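K.L.:
Following the hints, put chain A in place on chain B, whose structure we already have.
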Amino acid sequence: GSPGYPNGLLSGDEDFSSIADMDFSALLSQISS
Amino acid sequence: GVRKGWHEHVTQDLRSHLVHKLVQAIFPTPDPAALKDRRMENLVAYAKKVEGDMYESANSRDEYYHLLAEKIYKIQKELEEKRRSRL
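These protein sequence lines are chains B and A, in that order. When you line the first sequence up against the deposited numbering, it's residues 519 to 551, in that order. When you line the second sequence up against the deposited numbering, it's residues 586 to 672, in that order.
Hints are supplied without guarantee of correctness; some may be wrong.
Claimed, not checked - Some chain A residues near chain B, calculated using beta-carbon distances under 10 Å: (1) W591; (2) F612; (3) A619; (4) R624; (5) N627; (6) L628; (7) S642; (8) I660; (9) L664; (10) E666.
Claimed, not checked - Cβ pair distances, simulated, as ranges: (11) A:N644 - B:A544: 35 to 45 Å; (12) A:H592 - B:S547: 26 to 36 Å; (13) A:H602 - B:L546: 18 to 28 Å; (14) B:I537 - A:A654: 17 to 27 Å; (15) A:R588 - B:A544: 34 to 44 Å.
Source of the hints: derived by calculation from the structure; they are not laboratory data. Positions of the beta carbon are idealized from the N, C-alpha and C atoms, including for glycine.
Isolated chain B, as found in the complex:
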């Protein structure tokens, strides 16, 4: 019964996707200024 069942739904891999578009804009602004 059940092969594993991972923890984290809608907030497991979808939570850093809001930070990864916040951190991509800060990495470009720090090199060109």
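P.N.:
This is chain A only, laid out in the frame that chain B set:
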């Protein structure tokens, strides 16, 4: 739990190149000095965490390296949503 080839094959030097494989797919490095930045270390803390979830879930070297590689193509999707549709 039975130990396979990957367990005696994975080093402390691999786990650093697995994260350096992860940080290059999320954001490519212009300068080697960008790796010592504050904002860069924040998602390094995202990728430092995931490797240990592959150690409990994967039983092979091809699955272990695949779970880290699927986030790599899956994060490339979201950067493409801002590129074509800007949303």
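K.L.:
Now, for every hint given, state plainly whether the structure supports it.
P.N.:
So, going through the hints one by one against the coordinates:
Hint status for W591 (chain A) relative to chain B: violated, with the closest Cβ pair at about 18 Å, above 10 Å. The beta carbon of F612 (chain A) comes within 5 Å of a beta carbon in chain B, closer than 10 Å, and the hint placing it at the interface holds. Taken as an interface hint, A619 (chain A) checks out: its beta carbon lies about 7 Å from the nearest beta carbon of chain B, inside 10 Å. Here the hint on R624 (chain A) is kept, as its CB sits about 5 Å from the closest CB of chain B, short of 10 Å.
Interface hint status for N627 (chain A): upheld, as the beta-carbon distance to the closest one in chain B is roughly 6 Å, under 10 Å. At a threshold of 10 Å, the smallest CB-CB gap from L628 (chain A) to chain B is about 6 Å, leaving the interface hint in force. The restraint placing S642 (chain A) at the interface with chain B holds, with a minimum CB-CB distance near 7 Å, inside the 10 Å limit. About 6 Å separates the beta-carbon of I660 (chain A) from the nearest beta-carbon of chain B, less than 10 Å, and the hint is met.
Annotation: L664 (chain A) was flagged as interfacial toward chain B, and the flag holds, the nearest CB pair being 7 Å apart, inside 10 Å. Taking 10 Å as the C-beta contact cut-off toward chain B, the hint placing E666 (chain A) at the interface holds, the least distance being around 9 Å. The supplied range of 35 to 45 Å is met by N644 (chain A) and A544 (chain B), whose beta-carbon atoms lie about 38 Å from each other. The supplied range of 26 to 36 Å is broken by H592 (chain A) and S547 (chain B), whose beta-carbon atoms lie about 42 Å from each other.
Between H602 (chain A) and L546 (chain B), the C-beta spacing of about 25 Å keeps the proposed range 18 to 28 Å intact. Checked against the hint of 17 to 27 Å, the pair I537 (chain B) and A654 (chain A) passes, with Cβ atoms roughly 21 Å apart. A C-beta distance of roughly 42 Å is found between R588 (chain A) and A544 (chain B), which places it inside the suggested range of 34 to 44 Å.
The structure fails hints 1, 12 (numbered hints given earlier, in ascending order).
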